[PDB]
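Okay, here we've got a single chain as structure tokens, the form deposited in one PDB entry, with questions on binding and movement later.
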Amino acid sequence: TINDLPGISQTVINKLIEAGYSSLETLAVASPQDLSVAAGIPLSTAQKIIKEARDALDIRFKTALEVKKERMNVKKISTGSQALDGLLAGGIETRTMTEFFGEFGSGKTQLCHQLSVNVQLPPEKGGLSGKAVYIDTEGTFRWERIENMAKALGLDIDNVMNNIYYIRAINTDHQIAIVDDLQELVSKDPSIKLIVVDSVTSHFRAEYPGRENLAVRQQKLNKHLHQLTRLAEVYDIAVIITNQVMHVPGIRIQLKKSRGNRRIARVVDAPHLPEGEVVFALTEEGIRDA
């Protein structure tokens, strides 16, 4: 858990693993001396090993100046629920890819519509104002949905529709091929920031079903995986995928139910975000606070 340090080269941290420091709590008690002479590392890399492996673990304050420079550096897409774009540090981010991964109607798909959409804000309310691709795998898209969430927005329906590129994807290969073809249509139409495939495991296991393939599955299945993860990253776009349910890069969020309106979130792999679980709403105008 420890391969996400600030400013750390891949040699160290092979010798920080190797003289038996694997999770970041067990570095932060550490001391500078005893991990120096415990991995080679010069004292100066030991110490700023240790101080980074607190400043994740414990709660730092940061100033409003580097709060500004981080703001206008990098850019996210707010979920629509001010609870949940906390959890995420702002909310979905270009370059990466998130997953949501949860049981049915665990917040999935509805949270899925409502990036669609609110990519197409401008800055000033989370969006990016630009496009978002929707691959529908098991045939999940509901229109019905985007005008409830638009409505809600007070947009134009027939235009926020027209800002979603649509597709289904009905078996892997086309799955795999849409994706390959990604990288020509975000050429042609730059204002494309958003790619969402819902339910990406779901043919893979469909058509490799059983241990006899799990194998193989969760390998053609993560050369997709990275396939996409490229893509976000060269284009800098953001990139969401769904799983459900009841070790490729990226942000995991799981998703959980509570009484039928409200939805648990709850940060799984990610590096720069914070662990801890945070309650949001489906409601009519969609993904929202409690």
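Residue numbers count along the first chain shown, from 1. By rigid core we mean the largest C-alpha set that fits within 1.5 Å across both forms. What changes on going to the form deposited in another entry:
- With the core fitted between these two forms, just one of 231, 264, 221, 28 shows a Cα displacement of at least 2 Å, namely 28.
- Once the rigid core is used as the reference frame, the Cα position of residue 254 differs between these two forms by less than 2 Å.
- With a cut-off of 2 Å and the rigid core superposed, residue 279 has a Cα displacement that falls short of the cut-off between these two forms.
- For residue 49, the Cα coordinates differ by 2 angstroms or more between these two forms after the core has been superposed.
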Contents of the next structure:
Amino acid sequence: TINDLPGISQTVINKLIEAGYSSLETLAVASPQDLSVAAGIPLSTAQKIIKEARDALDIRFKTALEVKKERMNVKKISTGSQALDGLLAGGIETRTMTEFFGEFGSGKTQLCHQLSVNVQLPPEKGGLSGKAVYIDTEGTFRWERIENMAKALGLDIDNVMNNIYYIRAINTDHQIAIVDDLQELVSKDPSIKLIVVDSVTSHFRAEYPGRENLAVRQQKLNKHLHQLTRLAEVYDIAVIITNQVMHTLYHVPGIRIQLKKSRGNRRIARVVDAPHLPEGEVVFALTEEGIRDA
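Show the form deposited in another entry, please, because up to now only the form deposited in one PDB entry has appeared in this conversation.
The text that comes after this line covers the one chain and nothing more.
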């Protein structure tokens, strides 16, 4: 958020957006006598935009004593890509709704799997030994993956899936109700520490396209995201949504990470909107084992 830059002249920023400088981290590591030669602004205060940037990325050295406390405070769910856990500040935290979105194959979906296989996991391996709830929206769930995905961490295939609650949501109506029955499912099994929803806007978009419906859609769409925030927090679950986009960046606030295909196997992750997250991006890979780093 260079936009949020403390005391700079945005008048010079419409040249930074004109370069790979939309990144606050790009900045923190920029060469002064070359940040001016590529920014116009004197090779002077160009030095001022960086010192603030060291703070932005948030670089404070904690202690292995304190950190182990935080580590015990909250216990996030690992993505299997350590880079990314790094990105999310530990992995997927509970009581929150973390959105991922990108183009098809970007990873948003693969990850709903990778995440539902690692929830059911000993906190030592990055899980919570808890079970998951997969609301298949478009019919893209694969055990033909969930399998060789767990078939990598070493757990019991057949035991794994069993630990994942599955359902296919075929239309808004069905999809909304289904979330209203989750309101209670969690009430039953409170071992459920994950609620994946892939991909939330599809039926709405499909059922209420254009601008004339861009109204009712919003109303309808937003109520559904709210109901979803409640159950994560109130019942300590990790709700996780997904949107597909080749554009739903709406103000229904949560961590919103974007994914981009890099080169066939590597994908890029960037924190787009999120209070507690230091803007930035990490690369990772879509491997057979599932979600990992290249």
